[PDB]
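The chain contents come next:
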Amino acid sequence: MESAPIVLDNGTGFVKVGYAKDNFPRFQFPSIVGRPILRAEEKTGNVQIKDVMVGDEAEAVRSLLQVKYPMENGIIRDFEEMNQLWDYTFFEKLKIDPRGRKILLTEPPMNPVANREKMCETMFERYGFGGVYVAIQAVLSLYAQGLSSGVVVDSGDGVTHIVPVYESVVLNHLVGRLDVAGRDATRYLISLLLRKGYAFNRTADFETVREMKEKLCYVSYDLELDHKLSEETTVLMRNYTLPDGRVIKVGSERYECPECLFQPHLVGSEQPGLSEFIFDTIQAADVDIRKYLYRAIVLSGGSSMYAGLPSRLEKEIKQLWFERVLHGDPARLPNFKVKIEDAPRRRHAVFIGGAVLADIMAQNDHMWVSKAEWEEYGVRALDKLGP
Amino acid sequence: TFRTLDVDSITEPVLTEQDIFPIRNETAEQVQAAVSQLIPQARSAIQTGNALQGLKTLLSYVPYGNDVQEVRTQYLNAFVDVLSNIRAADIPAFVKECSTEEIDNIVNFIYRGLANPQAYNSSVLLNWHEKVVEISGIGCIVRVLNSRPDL
Amino acid sequence: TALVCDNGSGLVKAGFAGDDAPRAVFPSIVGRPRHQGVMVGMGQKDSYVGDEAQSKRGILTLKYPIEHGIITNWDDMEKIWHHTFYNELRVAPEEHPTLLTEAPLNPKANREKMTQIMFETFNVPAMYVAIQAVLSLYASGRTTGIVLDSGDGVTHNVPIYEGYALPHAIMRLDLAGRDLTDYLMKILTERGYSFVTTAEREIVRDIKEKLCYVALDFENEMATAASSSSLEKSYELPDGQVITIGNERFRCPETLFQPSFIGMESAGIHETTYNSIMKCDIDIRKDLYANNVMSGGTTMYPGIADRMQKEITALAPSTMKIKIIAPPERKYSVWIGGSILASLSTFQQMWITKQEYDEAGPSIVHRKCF
Amino acid sequence: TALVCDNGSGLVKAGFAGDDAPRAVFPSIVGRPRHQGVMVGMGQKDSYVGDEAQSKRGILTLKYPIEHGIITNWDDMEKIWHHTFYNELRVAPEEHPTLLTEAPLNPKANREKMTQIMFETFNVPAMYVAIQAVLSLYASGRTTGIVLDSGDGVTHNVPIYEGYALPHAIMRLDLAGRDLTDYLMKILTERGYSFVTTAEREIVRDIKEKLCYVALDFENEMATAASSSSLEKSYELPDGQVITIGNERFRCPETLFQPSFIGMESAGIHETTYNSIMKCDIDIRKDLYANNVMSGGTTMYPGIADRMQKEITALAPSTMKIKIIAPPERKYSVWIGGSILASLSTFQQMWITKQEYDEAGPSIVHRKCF
Ligand SMILES: Nc1ncnc2c1ncn2[C@@H]1O[C@H](COP(=O)(O)OP(=O)(O)OP(=O)(O)O)[C@@H](O)[C@H]1O
Ligand SMILES: Nc1ncnc2c1ncn2[C@@H]1O[C@H](COP(=O)(O)OP(=O)(O)O)[C@@H](O)[C@H]1O
Ligand SMILES: Nc1ncnc2c1ncn2[C@@H]1O[C@H](COP(=O)(O)OP(=O)(O)O)[C@@H](O)[C@H]1O
Ligand SMILES: [Mg+2]
Ligand SMILES: [Mg+2]
Ligand SMILES: [Mg+2]
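Residue numbers (PDB author numbering), protein chains in the order written: chain B, 1 to 387; chain G, 2 to 152; chain I, 6 to 375; chain H, 6 to 375.
Mixed in with the good hints, there may be bad ones.
To be verified - Heads up, simulated DMTMM-like pairs for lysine to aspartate or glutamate below, C-alpha to C-alpha not over 20 angstroms straight-line:
(1) I:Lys118 / I:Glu83
(2) B:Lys339 / G:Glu135
(3) B:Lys291 / B:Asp280
(4) H:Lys68 / B:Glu323
(5) B:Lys384 / H:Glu195
(6) I:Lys68 / B:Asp56
(7) B:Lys337 / G:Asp91
(8) B:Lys339 / I:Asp244
(9) B:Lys93 / B:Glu57
(10) I:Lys336 / I:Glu83
(11) B:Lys291 / I:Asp179
(12) I:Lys213 / I:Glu241
(13) I:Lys191 / H:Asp80
(14) I:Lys50 / B:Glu323
(15) B:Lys228 / G:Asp9
(16) B:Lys291 / I:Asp80
(17) B:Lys228 / G:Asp7
(18) B:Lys337 / B:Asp280
(19) H:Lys191 / B:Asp280
(20) I:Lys191 / B:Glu57
(21) I:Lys113 / I:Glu167
Unchecked claim - Covered by chain B, according to a simulated footprint, are these stretches of chain I (three or more residues, beta-carbon under 8 angstroms):
(22) 178-192
(23) 196-206
Bear in mind the hints are in silico, worked out from the structure with no lab data behind them. Where is the CB? At the ideal position from N, CA and C, for every residue including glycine.
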């Protein structure tokens, strides 16, 4: 294929993988590992299950598997299962020998140091990569825009994180985590459907409500209007057929599920939701740069894909500036400019930006942490990878 | 809390009805005089027993506008009074000789009549509705759905 | 051709002799990046200068390399000099004789090092380095008068009679637009507006340049502000927020007339003009009350000339006529006077130059630059 | 008895004049329930304050009605004052005159609304609103000193000599224990610990009070922490879960000397104190170096006085005798100083009475109070 640097978005819900200059993931698959189970469920001779089965091999066959996730909240929870994802990623998805290759990895901005350390150790000491770079996921989503300033908010399966950038300087003191994302919204959909008498407690059923959420949920633009369509009308009602063949009815849960991003208290969090987390972040930036951050609020990651989320977010920031800056005086509201950037490709902006950055540093061999540098400095070799 | 503050009403002004429907090219006192010339003809045609010619003359002009409810309701009083005085056997012969624009005006003003039963006799307006829709078809109601809101 | 600049304490202005205005004018600033984290595939400078630093400022620490008219960061002055020559005027300095400036009563080493680096680092054939007030008597058709200058970092009074300077009567005051910006930064905290960052100094300097004035009668203006909102005005911050300003818009400039507002135990702006006239000789003083010119950007306030008029009229004997002179080119008149001096028909022999500097060193400058 | 109430930005301190400690000391917090699910008639209410807000905190959202020394919520600050009077001190405030405290360089509207609520809602006989740092001087038995006060929301330097304050030389920094607790909640994420609720903020404040310290030399403590677990300590969470903390113990307080750790463009407290004494006149600069009074709970760290001494002696000239005055009661020194001041004979004529408030309105506080 090519001698290029490999780029790997080892995300909490999905792995995405490919090479420098790729305009889209070469492969993308669930970051899941499966073990064989029997469960008072259908069985046939038309398949065979190995003692470890992962990614697409697990997701297509998950009725037969104990499904587990090697990651949660942007951190590796189990490196023994993460080793099985990385084996699968290199040896039977890419079908590559890692020996002496250079690889670009990704993580969110406020992880434990042990996550990056043991992840780089694994690249040098299981796979024998010749060099590694680890990039902050949301600065890659800005490389995908071809853009040097704006506040970039990335919401995936594990974490929602925000990174203000101005004139290519990253405002590291302003970066933050909202510990609500696509998995919390999926756990909330299970909780809301449980009030309707449905049950989804099997490890294989989490991917079923993920696909249901991803098909049927949307962000209410106006809560009292969606509550009116919900309580006065049947128009929000929708049928979903599970891979069982069972049919379930879903109504208010379609707007009530993703509302936990804009109202985290619905999932028990005390943090402010997306609009107020983004506003408190921009409003903490210096006076001379606030306008440039409001004129480029860059959305990223799969949990930014709910229908109406850009519309609600733009409105709710105008509405929050009107409360907290103008104190309810209409006369200056038309002068406040905000622009949500909401590209079609934005679920993959971290990969697409990693494929840009990995090309920009492909020839600059000193930019990567080397295997020869790792084996003499250990974890102190990673002090190259920013502050 | 911020969620309830209407920003859209001031940051993105929506289309008005006069952006969809063209402005009336006549002043309020100019249309009020034009109707005040017609109502006496419409009343007089009842006394001579020519209520069919009473409608044909009254229907030659129609008032519209949110600034003219008093003369619109006076025109509707005359319209329902004229329709109440035409014999039910004359309706089929009269409807087939109306233009598409006269029919559109009849089915519009029987609709304004049906909206206010404490003022207007619905029984004659429903009899007119049956015969106008039977002879001229469904499209005359479709033209009322699509019609101007200040008729 | 000859190249002239006011190497200003807050605003560099530069051009060629015989032009009617400076072609370059920019903040006397070097900026450096304030945060360690960057998009590693993108280029940043190590440091920035002038309008580029001023527009980049949201991510920069801004340093003025001059404070109170004294070069304080020589390593940064070499950058603002290099910026005047190679970015703004786009010259070859090795071909052009140069005119620089400084305030009176300055450190002797300031005149030396700005002589030294112009020859040893910018290779110039020649230079001169004049008193800013002595230049500012030119650009008015004049040989007698008292000149009051207030730049960014220095205020000074210089009496001249018939082309002779009187250094017994010359005096310098360590108040100008820098201290007035600091005091505005302080007294806006009283409204609850917080300005702290080196970048926020600049938006406070812009408020000071746009909103402020000198009150003719401060106690009555202060009572006018206390009784009425009718003298309050608004400023728009670079994020789009609106700031209302009232009595603080005249309390700031009045610090020239009352230095005690910044805790300075020193005579006011009118008192230093009167004390320097009163320190002149007994006959040559007799038209200085009638021949007093204002220069430098801190003298641009509305009302300052009409205040100066009534204050020196209250101090001086009423037996003779009292005026003030305040050109609309006030903030350039130092440079206009340099443009005139560097094009004057007797001046082409006057420069310090390599043929003498190569053996005398920078110790040559005190021998003919005053 | 007069009352003395220290309006602490994180910790209210209240008592009677002539007593030698606060009678009550408690969090400046109002807490509201974050759940609508309830028990009927069960002693259950719309808000909790002080020690009820701390003891119930897991089910509350906690907010301080003061941020950076400024009252941001007046409806909840009146609940805190109501609680000081009717629940903690157990007095009717209309019987007792009250000394209040304020930070320097606050919004004037803060001190106006603070006198207005005290007369218009608490009906007090008389009141006064002293700057905190002069009270901390009077608590220490001296009339010369430079007072470094550091509370929850503000840290400030006031130079004072022979009982005269030098208001042009005052420094204020919007960095204290709130910002250190924020930065500790931030850097504990690197150990893998997530603290994000307003209740977990109070757990991390307790980690900070129990285990954090000022490094005598920071880069040597960093090299020590990289070499050994001898620097590491363990903390018992309210869960019974055990937390381990290492270089975060001294990286947290290092922010007070290096504000750029939180992206803030400022001098650290050494440089702020140095620039404050260096802004005073040269005869007073001889003496305040021997009288650096430390005050408030953010000056309470282990190792802070020795490192404040080793830093300030590197900035000052080598001939100077430097002393850091850091009493074990320094947490309460502004209150102890208010207890002294409200007990003085000559102070009783300089209260603001309810009569002169009715005659002048809330703007009287600017002519009565420094
Ligand atoms: N159209 C959609 N509507 C709603 N949710 C969506 C949509 N598309 C994707 N998602 C959700 O986004 C999540 C996956 O997004 P993404 O790949 O960006 O996460 P990740 O990168 O693996 O996670 P993280 O960045 O936190 O480590 C899943 O919860 C998925 O169901
Ligand atoms: N319109 C104005 N009104 C008041 N101050 C002004 C005005 N325009 C500029 N300034 C002040 O001018 C000062 C600079 O004066 P300037 O002559 O340029 O000094 P310098 O050349 O020596 O650096 C600045 O501090 C600025 O605040
Ligand atoms: N021993 C200590 N070591 C470090 N910090 C302390 C200590 N004791 C209290 N603090 C800090 O003191 C701050 C409160 O100080 P205080 O003087 O009462 O402030 P304030 O008056 O403004 O409310 C809190 O942020 C707390 O974390
Ligand atoms: Mg992701
Ligand atoms: Mg100048
Ligand atoms: Mg305090």
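CA of B:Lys93 to CA of B:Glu57, is that 20 angstroms or under? Holds - the C-alpha atoms of B:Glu57 and B:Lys93 are around 11 angstroms apart, at most 20 angstroms.
Is the straight-line distance between the alpha-carbon of I:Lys113 and that of I:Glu167 20 angstroms or less? Violated, at about 27 angstroms.
Would you check the hint for B:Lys291 and I:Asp179, treating anything up to 20 angstroms between C-alpha atoms as holding? violated, 37 angstroms
Against the 20 angstroms threshold, does the CA-CA distance of I:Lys68 and B:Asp56 hold or violate the hint? Violated. I:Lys68 to B:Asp56 sits at ~57 angstroms, over the 20 angstroms cutoff.
For B:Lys337 and G:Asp91, compute the direct alpha-carbon distance and say whether it is at most 20 angstroms. violated, 65 angstroms
For a C-alpha distance cap of 20 angstroms, please report whether I:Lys50 and B:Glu323 respect it. With Cα atoms ~40 angstroms apart, I:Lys50 and B:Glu323 exceed 20 angstroms; violated.
20 angstroms Cα cutoff - pair B:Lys228, G:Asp9: The hint holds at about 19 angstroms.
For I:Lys118 and I:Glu83, compute the direct alpha-carbon distance and say whether it is at most 20 angstroms. holds, 11 angstroms
Decide if the proposed pair is consistent with the structure: H:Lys68 and B:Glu323, CA atoms, cutoff 20 angstroms inclusive. holds, 19 angstroms
Using a Cβ cutoff of 8 angstroms, are there at least 3 residues of the stretch 178-192 of chain I near chain B, or does the coverage claim fail? Check failed, 0 qualifying residues.
Agreement of B:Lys337 and B:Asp280 with the hint, judged by alpha carbon distance not exceeding 20 angstroms: Between B:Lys337 and B:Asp280 the Cα gap is close to 16 angstroms, so the pair holds against 20 angstroms.
Are the Cα positions of B:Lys291 and I:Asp80 separated by 20 angstroms at most? Distance of about 34 angstroms is beyond 20 angstroms: violated.
Violated hints, listed in ascending order, are 2, 6, 7, 10, 11, 13, 14, 16, 20, 21 and 22; each of the other numbered hints is respected by the structure.
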